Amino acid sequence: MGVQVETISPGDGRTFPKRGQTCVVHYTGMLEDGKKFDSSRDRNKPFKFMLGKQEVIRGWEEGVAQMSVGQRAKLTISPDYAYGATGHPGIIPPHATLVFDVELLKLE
């Protein structure tokens, strides 16, 4: 599987990220058992990335592109769209399905 997008709160339903735009998000990343491994909210600073530059995992590139500005959504990402067989030693185990809570604050 790739990435599944499940809404949490609606956005404007009209403005979706296009290639080359900078997405400003707050996010929380959890393992499939619910353990949080990363969160911009615990740092109290939104996370910015440019769509299409592969600065984020493939599940983020294709999942966040489906969100409208203002939307909060749950992204469930299989390992192929994620850290794969190798994972990230000590943070993300092998073959890990990840769950992200993502809020698209604005586009820059």
Second form
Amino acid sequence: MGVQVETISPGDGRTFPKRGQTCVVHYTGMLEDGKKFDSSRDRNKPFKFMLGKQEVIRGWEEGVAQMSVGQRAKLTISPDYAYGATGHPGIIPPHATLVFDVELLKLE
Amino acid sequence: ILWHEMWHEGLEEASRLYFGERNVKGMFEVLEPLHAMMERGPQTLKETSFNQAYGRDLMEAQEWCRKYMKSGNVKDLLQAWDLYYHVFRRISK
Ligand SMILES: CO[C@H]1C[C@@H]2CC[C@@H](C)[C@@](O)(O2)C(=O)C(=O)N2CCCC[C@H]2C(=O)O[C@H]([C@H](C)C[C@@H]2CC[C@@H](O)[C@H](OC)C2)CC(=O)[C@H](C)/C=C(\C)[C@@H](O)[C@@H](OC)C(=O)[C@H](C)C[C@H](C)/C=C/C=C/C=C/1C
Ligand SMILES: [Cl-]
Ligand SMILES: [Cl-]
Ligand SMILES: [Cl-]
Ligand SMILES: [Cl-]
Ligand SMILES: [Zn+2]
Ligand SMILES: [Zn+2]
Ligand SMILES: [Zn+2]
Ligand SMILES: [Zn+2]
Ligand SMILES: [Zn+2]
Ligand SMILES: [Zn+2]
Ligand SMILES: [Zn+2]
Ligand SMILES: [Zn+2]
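Mind giving me the form solved in complex with the partner chain, seeing as the form solved without the partner chain was just shown?
Then the entire complex follows, led off by the chain already shown.
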């Protein structure tokens, strides 16, 4: 639908993010063609965020919530679950399907 | 009112205007007064303490904003928000 999750390597299949829990992830963001626009791995600093706060796009909110600790997954996010018709001028084109390589390192 | 709370509220609102509503002018409207407040210099010990802690980071974020205003290159604006995000996390209790 809006976000498809395909496992690259498995987690414990038991430790899923709760409410008020901080997800710690490494991500690589690419356009559908496969052109990289961002990576936390380029900065050697994991990205931290809290689920259910609308801090991140809907695809991450619903995608990362399905992942268990240790899991590396590919998220294919349709425009309506990403930056939609508007996109982000000079970053994300209009109507862009985004592919994120996401690794859920731990929860805090 | 404490400089860290004014910067917390301003950076949060500015990020909402730019990333939420694709409104760079609105973002700049929120940031300019806070940068001006810094430029007037610290008055209290807590304001002096804040300026010493995060003065450098906030100055480099403004520099990237000025570079963006000339270039029109969003990459320069994302560099500024990388520093603003860094400051936001450090200052936020
Ligand atoms: C410099 O680089 C940017 C990130 C870039 C922007 C461009 C995109 C291609 C991208 O490269 O990230 C990217 O990889 C991406 O698409 N991301 C980032 C990784 C998570 C998934 C996705 C995303 O949702 O980003 C986010 C997306 C771009 C915008 C948001 C999408 C959800 C929507 O509900 C929000 O409405 C407001 C806006 C960016 C973020 O993850 C950052 C952390 C969070 C926010 C800005 C908002 O949650 C904001 O709301 C007030 C906050 O609470 C913040 C913490 C307040 C403080 C002061 C501001 C911090 C700002 C940090 C900015 C950073 C590091
Ligand atoms: Cl960490
Ligand atoms: Cl925890
Ligand atoms: Cl808050
Ligand atoms: Cl705070
Ligand atoms: Zn947060
Ligand atoms: Zn914890
Ligand atoms: Zn940590
Ligand atoms: Zn303070
Ligand atoms: Zn706040
Ligand atoms: Zn710093
Ligand atoms: Zn500089
Ligand atoms: Zn930082």
